[PDB]
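Trainee: Spelled out from the first residue to the last, the chains are:
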Amino acid sequence: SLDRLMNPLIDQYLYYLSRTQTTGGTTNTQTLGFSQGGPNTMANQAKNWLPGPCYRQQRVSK
Amino acid sequence: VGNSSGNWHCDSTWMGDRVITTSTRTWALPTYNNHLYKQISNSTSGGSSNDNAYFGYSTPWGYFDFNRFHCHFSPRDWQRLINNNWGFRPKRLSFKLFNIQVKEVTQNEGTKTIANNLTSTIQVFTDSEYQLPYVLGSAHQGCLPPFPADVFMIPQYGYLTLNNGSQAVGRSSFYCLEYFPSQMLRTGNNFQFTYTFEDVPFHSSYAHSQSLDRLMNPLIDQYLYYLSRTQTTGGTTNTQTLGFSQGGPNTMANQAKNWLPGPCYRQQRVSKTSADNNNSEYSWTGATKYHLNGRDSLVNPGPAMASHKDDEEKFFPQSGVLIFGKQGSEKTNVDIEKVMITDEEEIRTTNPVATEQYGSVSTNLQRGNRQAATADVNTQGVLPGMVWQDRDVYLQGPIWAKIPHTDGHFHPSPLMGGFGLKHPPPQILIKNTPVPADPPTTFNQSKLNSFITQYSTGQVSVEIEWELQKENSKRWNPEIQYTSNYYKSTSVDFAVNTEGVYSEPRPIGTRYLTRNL
Amino acid sequence: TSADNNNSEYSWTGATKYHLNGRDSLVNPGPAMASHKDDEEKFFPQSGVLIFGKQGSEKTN
Amino acid sequence: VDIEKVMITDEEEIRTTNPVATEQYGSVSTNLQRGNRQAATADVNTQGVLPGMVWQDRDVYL
Amino acid sequence: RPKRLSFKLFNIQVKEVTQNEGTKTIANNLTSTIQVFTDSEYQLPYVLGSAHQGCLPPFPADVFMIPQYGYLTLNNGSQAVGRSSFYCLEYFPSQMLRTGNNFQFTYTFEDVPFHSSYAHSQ
Amino acid sequence: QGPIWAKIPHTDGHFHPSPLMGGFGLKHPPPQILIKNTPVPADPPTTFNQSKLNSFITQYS
Amino acid sequence: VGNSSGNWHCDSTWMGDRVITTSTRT
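Residue numbers (the entry's author numbering), protein chains in the order written: chain F, 431 to 492; chain Z, 221 to 737; chain U, 493 to 553; chain G, 554 to 615; chain L, 309 to 430; chain V, 616 to 676; chain B, 221 to 246.
Honestly, I wouldn't trust all of these hints.
When the alpha-carbon atoms are kept at most 30 angstroms apart in a straight line, the in silico DSSO-like pairs for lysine-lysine are as follows [said to hold, decoys possible]:
| no. | chain 1 | residue 1 | chain 2 | residue 2 |
| --- | --- | --- | --- | --- |
| 1 | Z | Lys690 | V | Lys642 |
| 2 | V | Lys651 | L | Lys323 |
| 3 | U | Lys534 | U | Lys546 |
| 4 | Z | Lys642 | V | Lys642 |
| 5 | L | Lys323 | V | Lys667 |
| 6 | L | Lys311 | V | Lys642 |
| 7 | Z | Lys694 | L | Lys316 |
| 8 | Z | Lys708 | Z | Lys546 |
| 9 | Z | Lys529 | Z | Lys492 |
| 10 | Z | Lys492 | Z | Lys546 |
| 11 | Z | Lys332 | Z | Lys667 |
| 12 | L | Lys311 | Z | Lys694 |
| 13 | Z | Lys311 | V | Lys642 |
| 14 | V | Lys642 | Z | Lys694 |
| 15 | L | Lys332 | V | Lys651 |
| 16 | V | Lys651 | U | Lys551 |
| 17 | Z | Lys667 | Z | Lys311 |
| 18 | V | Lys667 | Z | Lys694 |
| 19 | V | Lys651 | L | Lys316 |
| 20 | Z | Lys694 | Z | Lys667 |
| 21 | Z | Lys551 | Z | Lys258 |
| 22 | L | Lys332 | V | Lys667 |
| 23 | Z | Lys667 | Z | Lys323 |
If you are wondering where the hints come from, they were derived from the structure by calculation, not from laboratory data.
Given these sequences and hints, build the entire structure.
Mentor: Pasting the structure below:
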């Protein structure tokens with residue numbers, strides 16, 4: 431599938447946004463935590479292509 | 221045994237409109253799972269996410285990873301390329317591999333002697349039919365050393381299939397390369413092969429001298445008209461009327477153009493300045509994404525876009541562009557200073573800005589009793605009349621990608637940027653040959669599990685012959701160029717600190733030379 | 493027909509447009525379209541088509 | 554006529570690359586946040602094409 | 309679909325003008341000249357496709373003046389950027405031309421989809 | 616009374632480049648021809664002057 | 221000693237009414 435075309439044993443050598451606020455105790459402040467894409471965070475890994483075109487339709491049951 | 225398997229051919233040369241290049245590098249080879257296969261899903265896990273579910277197999281094999289540029293071009297040279305040509309396209313590709321050796325390892329009482337076993341071997345092959353799941357186009361680390369003198373290990377290999385959570389479907393497939401012919405190889409014996417690309421549109425490495433709204437003449441006016449008045453304006457009275465006018469040098473904004481900006485995908489904006497961002501964790505929730513088969517996945521880097529508009533250097537798209545990390549970076553929650561972001565101000569010329577609306581439209585038809593309706597557009601498809609430029613490439617970036625062998629593909633230009641092909645270069649895979657240990661004295665039905673752990677190594681290179689369209693611009697004014705600033709710096713650029721670690725100062729673009737639109 | 497239009501100046505505000513590099517510009521004549529449906533000869537797109545001027549026309553309003 | 558006198562077409566074969574009709578295409582944002590502005594997020598049920606898409610046309614039936 | 313395109317230009321003349329005390333005599337200076345050229349490499353900002361008035365007279369018997377010329381670049385309000393460019397055609401070869409001497413040239417289109425000038429029956 | 620063709624932007628991506636005003640597009644459109652009256656200076660000084668000239672016989676062709 | 225004694229020829233191929241096959245194993 432379009433989201434599983436990469437290798438599971440490695441990580442992208444790029445980074446992506448993973449933190450908007452601090453997480454170390456009982457305090458909230460503006461911060462920025464960046465990280466690479468791992469085998470455990472595949473969902474966020476940067477892909478290279480895009481799904482196809484679409485037209486929403488109402489659903490129905492058998 | 222007493223003869224080199226070839227010479228170290230690694231240079232950069234320019235004979236004119238073509239450029240040849242090769243880089244020799246030394247690698248290593250480790251066995252895996254003791255020559256055994258595997259199954260992988262939420263196992264050596266994370267816990268529960270139809271979005272983080274997977275299904276694949278770790279094979280005892282390894283492969284090559286050189287889909288980047290800093291692996292074929294030293295910086296300077298790349299520069300040379302940039303300031304002189306407008307576009308290029310790689311045509312030829314050679315591959316050499318030699319000087320193999322085999323090492324074994326006996327770990328007795330912590331005392332381990334490492335000698336060679338010149339009689340062992342390995343086997344490699346290629347897939348010229350692309351029957352094996354393609355692994356590249358994912359920019360997985362472990363590319364050839366951006367540097368030439370260092371050495372590296374070859375990343376193991378594993379693929380995946382159509383899955384359903386922690387279970388697979390019937391149609392799920394399962395392959396085993398041990399089913400493919402492979403030039404066997406013993407020490408001293410060499411191996412090489414060759415392939416040649418096919419036709420491809422030269423990735424245009426340049427910017428534009430005008431924007432889609434300023435392509436007309438300032439001294440004249442369109443001989444057409446446009447709506448300029450809905451009501452009267454002559455005193456203290458309001459009545460329905462219609463004032464039409466031509467397009468002048470003072471009303472350029474309204475002048476009828478002939479073409480249309482490119483496609484778009486709205487994204488949330490963010491700042492490099494920590495305090496200017498809202499105080500809420502929206503990294504995963506307020507993020508732009510698509511829905512597929514229940515698994516919701518992010519849309520990165522998404523379509524071609526513009527990082528920001530003028531003077532918005534503080535912001536960039538939430539997940540609209542690439543990011544890099546200076547050498548020494550680790551896996552997670554690192555800060556912004558250990559990384560580098562990509563500036564895309566070069567496309568404001570023709571493509572929209574990610575954190576910006578595409579434009580507005582109406583939702584109704586007014587009358588004397590109905591108010592003028594006006595909505596917004598953050599999602600946009602394409603129509604006849606659009607033009608854009610794909611994402612620019614970066615030296616520390618990917619080079620090409622495998623076009624999915626399907627019935628429908630459109631302007632297959634990859635998103636990370638680069639080049640696509642219906643028949644991409646091939647994947648080469650190697651593994652240490654298995655060699656069993658002392659077997660029993662009598663028979664035993666079961667197969668073997670005891671082998672001499674060993675590893676092998678050697679050096680390789682690759683030749684690339686490209687094409688390039690040299691510039692013909694007669695712009696009089698001196699364009700911009702790429703250069704290391706002339707002030708004094710403690711640690712040189714692309715140098716190696718007093719420790720030998722080699723790091724890059726900033727990422728590098730190619731859209732430097734400005735060519736007319 | 494002048495009287496059938498709402499009484500508000502939306503020439504620039506209620507107009508269809510795109511945003512690029514901060515400069516918001518109109519979208520004229522825009523993509524290929526249909527002027528109107530049957531018997532709607534009274535209407536046309538705000539900035540969806542071309543317009544011409546008989547000889548002797550001046551610059552504005 | 555009822556549902557039993559008919560037969561429907563199963564298209565599970567494309568979840569591989571194309572979206573699902575009764576599903577959103579995905580989400581996007583509508584605004585730019587600040588310390589005083591909340592993160593805007595809308596939905597997309599209508600979608601055109603862009604460079605970077607790939608799909609497979611409807612399969613045929615005997 | 310238009311395939312071929314020729315271009316001819318001739319019968320040039322030169323006039324000078326002395327405005328003395330409001331009394332201005334206009335005679336010719338047959339020894340002056342001009343120079344023109346073409347851009348077969350499209351290195352100059354294209355100006356057409358903007359439907360700017362001053363096209364050849366829709367009519368044939370009238371006469372007209374040639375609109376001046378001006379282009380633009382990547383800008384930032386009332387200021388320009390570094391990458392902004394600046395050209396000067398005085399940098400291009402140009403068949404010089406004196407009165408009595410003619411000048412012409414020729415070009416030919418390339419493949420294009422015939423614009424369908426018809427409606428549909430369904 | 617309309618336009619005939621237009622210059623396709625020399626880019627990497629263009630789709631059904633059919634212009635919007637309508638007409639024909641080309642990767643290599645007909646050319647642009649430009650002309651100007653040649654400059655001819657007026658009576659220059661009797662001695663030298665570093666600066667260039669600004670006085671010419673106004674004329675037209 | 222410094223030369224492989226051959227390549228790993230292990231595949232399945234169908235040329236029509238015939239079928240060739242081989243399997244390498246250690």
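Trainee: Starting from the hint list further up, note which numbers the structure goes against and sort them upward.
Mentor: Those not satisfied are hints 17, 20.
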